[PDB]
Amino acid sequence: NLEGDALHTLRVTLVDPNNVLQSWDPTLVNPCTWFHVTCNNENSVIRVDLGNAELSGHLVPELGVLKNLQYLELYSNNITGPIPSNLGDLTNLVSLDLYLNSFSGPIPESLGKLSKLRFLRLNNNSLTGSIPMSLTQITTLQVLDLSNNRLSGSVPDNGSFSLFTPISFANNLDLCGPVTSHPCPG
């Protein structure tokens, strides 16, 4: 059970004072009966729903083996560290909700590979660096929130970013461009 091993590895590295993940018993045939985990009819994980679960610690790159994952709902916790650089491995993701956490480092360029993504909500973290241009390749994007981070540099208004307005980018370190409220000096 590769998927269960990956999720158990996540449990080890997350900090879970309330033992929300107590049921995450890797001796089971699969993780489909675990609390907060949902599988499809083929017993493959499609949702991890851990919003507002009083978790901290960091994520793990083993998340990338959850090939059928559609929802990664980890918002409103105190998770730290970087967004794993390989989250773009999760090509069936339709929602990536990491908002209201303590993530730092850059937005991974690999997120541009998430060609089915509808929700990308990373607001209210401590993310730094520039927004990857690869994100404009995500033609399905409908809800984007990168506000309240420490992002800097130019933001394009092309591809799917043409859909969004300054509220999606507000209160960063030094963003500029047509979709933001400040033109780029160059």
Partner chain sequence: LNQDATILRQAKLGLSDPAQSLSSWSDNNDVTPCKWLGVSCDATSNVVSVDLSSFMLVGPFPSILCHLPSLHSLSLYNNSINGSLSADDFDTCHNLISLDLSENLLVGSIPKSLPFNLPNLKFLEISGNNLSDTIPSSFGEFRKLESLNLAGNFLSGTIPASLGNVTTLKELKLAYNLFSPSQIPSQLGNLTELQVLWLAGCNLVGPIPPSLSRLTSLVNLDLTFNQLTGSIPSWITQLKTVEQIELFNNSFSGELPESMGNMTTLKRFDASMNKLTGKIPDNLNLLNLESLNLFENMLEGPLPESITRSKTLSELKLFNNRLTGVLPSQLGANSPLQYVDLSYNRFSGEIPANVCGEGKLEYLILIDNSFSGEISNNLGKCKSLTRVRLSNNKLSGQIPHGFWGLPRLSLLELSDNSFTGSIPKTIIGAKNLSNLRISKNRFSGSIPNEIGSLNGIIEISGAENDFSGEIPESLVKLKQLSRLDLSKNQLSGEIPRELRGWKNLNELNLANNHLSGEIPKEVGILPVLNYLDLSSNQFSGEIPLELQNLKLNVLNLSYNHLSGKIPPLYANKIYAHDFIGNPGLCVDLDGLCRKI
Given for the second form:
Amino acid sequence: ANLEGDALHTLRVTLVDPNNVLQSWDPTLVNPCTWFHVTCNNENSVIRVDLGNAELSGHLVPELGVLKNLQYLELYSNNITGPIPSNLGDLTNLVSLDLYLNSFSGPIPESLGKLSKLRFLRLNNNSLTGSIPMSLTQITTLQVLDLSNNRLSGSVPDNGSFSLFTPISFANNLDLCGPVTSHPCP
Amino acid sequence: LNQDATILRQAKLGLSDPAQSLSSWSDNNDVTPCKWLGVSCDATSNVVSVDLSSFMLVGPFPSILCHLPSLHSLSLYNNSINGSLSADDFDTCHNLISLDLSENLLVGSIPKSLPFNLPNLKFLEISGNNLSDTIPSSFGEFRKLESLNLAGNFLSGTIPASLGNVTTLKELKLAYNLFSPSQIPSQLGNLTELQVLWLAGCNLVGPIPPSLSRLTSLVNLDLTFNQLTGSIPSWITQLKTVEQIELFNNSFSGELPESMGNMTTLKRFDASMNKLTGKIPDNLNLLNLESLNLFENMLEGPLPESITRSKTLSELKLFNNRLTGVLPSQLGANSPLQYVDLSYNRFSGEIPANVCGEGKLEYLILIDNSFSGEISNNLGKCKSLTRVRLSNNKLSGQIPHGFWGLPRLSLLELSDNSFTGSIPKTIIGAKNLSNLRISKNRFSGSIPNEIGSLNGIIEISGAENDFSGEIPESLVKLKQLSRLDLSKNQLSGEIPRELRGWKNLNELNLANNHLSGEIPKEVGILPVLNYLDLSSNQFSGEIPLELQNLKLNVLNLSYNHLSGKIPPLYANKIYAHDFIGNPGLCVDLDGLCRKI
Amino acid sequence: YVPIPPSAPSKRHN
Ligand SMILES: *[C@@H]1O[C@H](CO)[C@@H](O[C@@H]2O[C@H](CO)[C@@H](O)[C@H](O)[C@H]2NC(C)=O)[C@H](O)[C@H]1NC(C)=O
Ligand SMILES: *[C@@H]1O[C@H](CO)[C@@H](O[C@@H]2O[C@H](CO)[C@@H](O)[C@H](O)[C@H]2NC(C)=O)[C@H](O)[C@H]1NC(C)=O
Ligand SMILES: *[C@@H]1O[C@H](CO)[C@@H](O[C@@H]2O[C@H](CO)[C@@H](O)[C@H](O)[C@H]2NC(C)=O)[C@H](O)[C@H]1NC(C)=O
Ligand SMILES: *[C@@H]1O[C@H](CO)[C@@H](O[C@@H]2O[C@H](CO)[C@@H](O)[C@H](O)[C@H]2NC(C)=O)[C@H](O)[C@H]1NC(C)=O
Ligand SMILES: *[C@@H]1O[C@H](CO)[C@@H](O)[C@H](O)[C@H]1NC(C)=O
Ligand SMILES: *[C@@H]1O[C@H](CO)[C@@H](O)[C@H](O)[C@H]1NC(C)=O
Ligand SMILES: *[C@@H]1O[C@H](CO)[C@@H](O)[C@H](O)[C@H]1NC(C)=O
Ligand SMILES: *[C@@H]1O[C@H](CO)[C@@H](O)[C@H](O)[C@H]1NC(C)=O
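Given the form deposited without the partner chain above, what does the protein look like in the form solved in complex with the partner chain?
Below: every chain and molecule of the assembly, starting with the one above.
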């Protein structure tokens, strides 16, 4: 409510918002549960942030990790730059992380492996570099993965939850190797 | 034109002037100093003041300006004057009465020699700078000072007791500084001419000193955002001329003083966000009260009738307390009520019938009480309303027709009550309505087609009602609709085939209805649809292949009459719970289709 | 420019 509203307001200040989709994000409200693009559970705690295809730019903030009951984070089809914040892995109840179709740079954080309830992970169409963290194989619930159209490289793991994924999850990357690609590793 | 022209131009040389705010100064035409911008004179052509407010001037403090012999006021308000002040900066300034250096980029400490150098000062403001170190104890030597504003700096240590020595003070503003934890100095009680005391965000602790009863000519007392403790003292009643008391965000406990009722001059009282217990004082006679905020405390008992004697009351916020009983039946009849929030209390009985008696009510927020009965006809005439939240009460009966069509109403939240009747045609009037929340009620009849002509609607949430008939085709005309939840109703018929209008629709929940026909193929081309619940209906035909284009988080088509092959991306085991209770569905393996 | 919060009533609501 107070703490969650302050995090989301810190996000608003940091984003550029030409179409005023965050007009309703009034910091004088006791909680953000009447705000547009935000959904709360019966206890007035944030469970969804739905900001897809909203012509947003700027970068995300690390204060997003205070949203402990967040289940769905949709930030897709924007022009968001900068790194995926490392402490998005503090979002222990997250089911869907949908950051696809942006200009995110730098690595996929190792911390995303701590998202033990994550089901959907769609990071495609970004400028993400480095390797795919092994810790992601240990998310038992992970069933939909798209890292395609990035600049990822190194070994693509194929154990655990990654055993389900086909080449289409990893297509058009910089330098990926392993069984799921045609190329064995260096 | 005398040394005044020379001295002013030297001062201009020391400052960077990117906006050319001083172009009249260094641009001749033989014009004398008295008609230069920001420079004012007396009858004998002596520069008596210099005001350079909001000129975007950058550079160190221009000490050369004090070489003007007749200078009385110097304002550099709202510039980028930077660096620090020093003793040498104010040597020649001994004729100054007024000095405003606020909203600049000054750093370092306040020079200790300032009172010795500026004996005639009545006004000193260095507010909104980056000053550090302690407030000098030498400030007790000021013999004429009437106003001191050092608010919004990084001043450290504690508020010096010697400031009590400066009995000429009418305004003391030290708010938002980086002081050590400390009690309000007792010596401030000696300042018997004080009208304004603003020590907000000063890291204060302990009780309000009894000394401060002697500040009898206080107008505004603001101690917000500290850690003050104890009772709000009963001697605030003896402040004969007090108009504003701001005590919110502290650790005040005990009861509000019962004597409060006779504070006839009081306009604005806020002791919200404390640990206050007991009752709101009764026998109130607050003739001039504009604002009463006591939200987020542990106040118990009723709202006394005598609040209606406050005929200029515009703001009443008592939310998040343990308040009980019926509201005064005449509340708002003879006052310009504007913002009312009584959320999260235990209020019972009827909403006062003339609460918008004077046509000024904007917020009516009564969440989570036990308000029973109906919304009166007279609230339908309240055309100033923007934010209505009545949810989680015991309210019942039909909503008056004019209430739905209020022209500025933005958020209308009636959810979780026992409201009956149909939504009338008069809702065309609500042209600013963006958020309609009417879930968990007993609303009936068709969703009227007139909702579709309200272009600015973003959420419609009307689940758990008795709505029947078809979904209006005009709901597809709503380009900015991001949530539609009409689940758990008696709706029938099919959903419109042409859906490209719903370009912002993120959530579509039509579950637990009597809906029929095909799932439209255009559902698959909605750009931001992520939550699709069409479960527990009578939908027939094939699941469109176009649904594979969607990046859904919730997909639920369970308990319908769907048949034919499952689209190949959704035939995966991981999506199988999305299609439970559709006996006719099959998984095609290229040739063989099996009912699983 | 440092925006110093005014000496006024809290605007919190809901
Ligand atoms: C402080 O100074 C600034 C800059 O001189 C003032 O802002 C200008 O004045 C108005 C403000 O709405 C606008 O028309 C200009 O475009 C502003 N210029 C800017 C921001 O560069 C500001 O009004 C002053 N503030 C106070 C409180 O006096
Ligand atoms: C102003 O006061 C309120 C209530 O006293 C503060 O809100 C509480 O803050 C703590 C953390 O410091 C939270 O754990 C509680 O959940 C909050 N309580 C309520 C009732 O909301 C608020 O932080 C204070 N604000 C400032 C700026 O000091
Ligand atoms: C799809 O929706 C149906 C309801 O239409 C869900 O099944 C219900 O689950 C609730 C528990 O929340 C129980 O009361 C019943 O077992 C079900 N109700 C009916 C009317 O059958 C189902 O959980 C949803 N499926 C998914 C995958 O989310
Ligand atoms: C003096 O304080 C002001 C405001 O508190 C500071 O100005 C800000 O500095 C940061 C970091 O450079 C910027 O991101 C902001 O844009 C600045 N302006 C405002 C209005 O916040 C300033 O840095 C401080 N200066 C010194 C020397 O301490
Ligand atoms: C994703 O990236 C590829 C390669 O740059 C591009 O061809 C495609 O258009 C992108 N997808 C979308 C939906 O824009
Ligand atoms: C997958 O294999 C790697 C390498 O042996 C191992 O470190 C990782 O923990 C394994 N993860 C799972 C879930 O088996
Ligand atoms: C004042 O500001 C300018 C930059 O805005 C800077 O060059 C100058 O050195 C500053 N003065 C001091 C004393 O730091
Ligand atoms: C109000 O009542 C108290 C005691 O009951 C008294 O001390 C106070 O001075 C009175 N104030 C006014 C303004 O009448």
